[PDB]
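The form deposited without the ligand is given below as one chain in C-alpha cells.
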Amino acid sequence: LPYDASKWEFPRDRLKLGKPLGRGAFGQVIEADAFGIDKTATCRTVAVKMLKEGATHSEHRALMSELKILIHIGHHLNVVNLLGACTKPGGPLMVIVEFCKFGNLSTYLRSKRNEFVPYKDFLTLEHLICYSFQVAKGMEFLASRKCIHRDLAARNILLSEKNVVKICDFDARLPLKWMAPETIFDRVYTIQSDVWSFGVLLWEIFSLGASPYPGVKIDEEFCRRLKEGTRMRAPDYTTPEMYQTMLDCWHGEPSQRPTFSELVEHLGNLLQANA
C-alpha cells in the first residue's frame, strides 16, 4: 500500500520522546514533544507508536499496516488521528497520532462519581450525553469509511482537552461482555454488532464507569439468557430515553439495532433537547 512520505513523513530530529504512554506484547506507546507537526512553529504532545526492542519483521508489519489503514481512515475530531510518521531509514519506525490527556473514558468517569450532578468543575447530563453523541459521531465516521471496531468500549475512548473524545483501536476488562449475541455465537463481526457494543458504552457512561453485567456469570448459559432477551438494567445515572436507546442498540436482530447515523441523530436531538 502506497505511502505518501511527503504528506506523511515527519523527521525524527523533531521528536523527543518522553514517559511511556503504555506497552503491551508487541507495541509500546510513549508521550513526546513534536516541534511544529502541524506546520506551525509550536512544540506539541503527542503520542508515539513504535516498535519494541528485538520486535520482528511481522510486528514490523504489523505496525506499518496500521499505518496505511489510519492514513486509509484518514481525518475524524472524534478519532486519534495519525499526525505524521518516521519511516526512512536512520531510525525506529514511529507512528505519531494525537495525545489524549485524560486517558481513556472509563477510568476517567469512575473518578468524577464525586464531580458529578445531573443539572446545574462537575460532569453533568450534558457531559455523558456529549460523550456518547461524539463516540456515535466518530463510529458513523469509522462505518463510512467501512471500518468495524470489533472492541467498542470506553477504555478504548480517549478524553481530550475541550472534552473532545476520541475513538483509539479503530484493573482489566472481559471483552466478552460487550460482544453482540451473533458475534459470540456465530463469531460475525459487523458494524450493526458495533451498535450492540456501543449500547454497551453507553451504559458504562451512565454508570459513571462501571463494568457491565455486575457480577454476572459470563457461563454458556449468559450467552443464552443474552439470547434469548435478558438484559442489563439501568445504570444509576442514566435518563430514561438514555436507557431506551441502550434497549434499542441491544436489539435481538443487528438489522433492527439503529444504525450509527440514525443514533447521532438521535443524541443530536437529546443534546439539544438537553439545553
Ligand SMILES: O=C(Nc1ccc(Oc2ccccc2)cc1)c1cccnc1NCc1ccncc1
Given for the second form:
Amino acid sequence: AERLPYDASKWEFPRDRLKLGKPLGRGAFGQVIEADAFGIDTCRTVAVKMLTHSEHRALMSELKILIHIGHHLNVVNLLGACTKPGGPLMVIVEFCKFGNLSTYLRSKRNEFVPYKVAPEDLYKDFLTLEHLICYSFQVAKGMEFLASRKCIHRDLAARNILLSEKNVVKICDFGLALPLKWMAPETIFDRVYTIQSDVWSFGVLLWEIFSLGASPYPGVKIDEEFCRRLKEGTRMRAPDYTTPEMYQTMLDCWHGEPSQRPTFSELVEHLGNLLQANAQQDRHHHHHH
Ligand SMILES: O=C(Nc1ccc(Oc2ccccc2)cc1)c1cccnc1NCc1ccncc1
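Having looked at the form deposited without the ligand, could you now put up the form solved in complex with the ligand?
Every component of the complex follows; first up is the chain already shown.
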C-alpha cells in the first residue's frame, strides 16, 4: 500500500471547494459524509470519507488502491482526494443517491412481481426477477474485476452495495479497509481472508437479494453453536423470492471446501446465462398475455 504511488496532480482536490453535508455513516475512525463538490467533475453531490496513526494509513491505502484498481461500472468511482497539508485527509467518490441495497429491497416488499405483462402500468417502478438477477450479475462482475486485481473485499454484504441511477449497483465500503453471518468457516476459525472467502460472502448477499433485504439466518442466535454448525455443514434454507437455480448457486458458493467453490468468473458467466434465460421467458410471458 505505502509502496503504491499517489499522482496528486491527477486526484488532489481543494478542501474549500467542498461543502460538507449530512452524515451518511459513522465508525470508530471517523465518518462518511455527503457533500457538494464544485468543479470536481458545476456542482455535484459526492460522498466523502474523512478522519489514529494506524487509521490514517488505512484511509490512504484505500485511496491508493482505488487509484490503482481503475474504473469499473460496478465499483464506486473515485473522483478525488484532499491529501496536502491544511486540513484532514478526505477520500471523495460518486454519491449513490438510493442507498444500500438491503435497505432498498426491504422497502419494495409490496412492490414485487416476478415479471410484467400488460397493462404494465400496474407495475410502475416494481421489482421483478430480472431486477434481482441483474443486481447479482453486476455485483459478480464487480467482484470479478476486484478479484482480478488480487483485491479481497473482506466485507461483501448487501449493506455494502449501493443502488445508483437506472438500476446500476456499485460495490462500496463504509468502513476502513464480528460480521459472522457473512464470514466463511475458514475465516471464522482460521482467520484467513481469501478470494474464496469473498465467494462465500457473495452467496450470502445472493440470499439477501432474493429474500428482499432480509437478514441472514432468520431466527438463529449467532453463537458458538452457530459457528460449529457452519463448519459441520448446516446451511440456510432457500429465501422467499428465489428460483431453483439461484438457490443452488447459493449452495455452490457455500461449499465447505474453498477450492470447490466457483470463481467469480464462473459466477459471472453463470448468472449471465440465468439473466438471459429469464429475459427469454419474460418475452414469451409478455407475448402470450
Ligand atoms: O465505498 C467507499 N470506498 C470504497 C469503495 C470500494 C472499495 O473496494 C475495494 C477495493 C480494493 C480492495 C477491497 C475493497 C473500498 C472502499 C467510500 C469512499 C469514500 C466515501 N464513501 C464511500 N462509501 C460510502 C458511500 C459511497 C457512495 N454513496 C454513499 C455512501
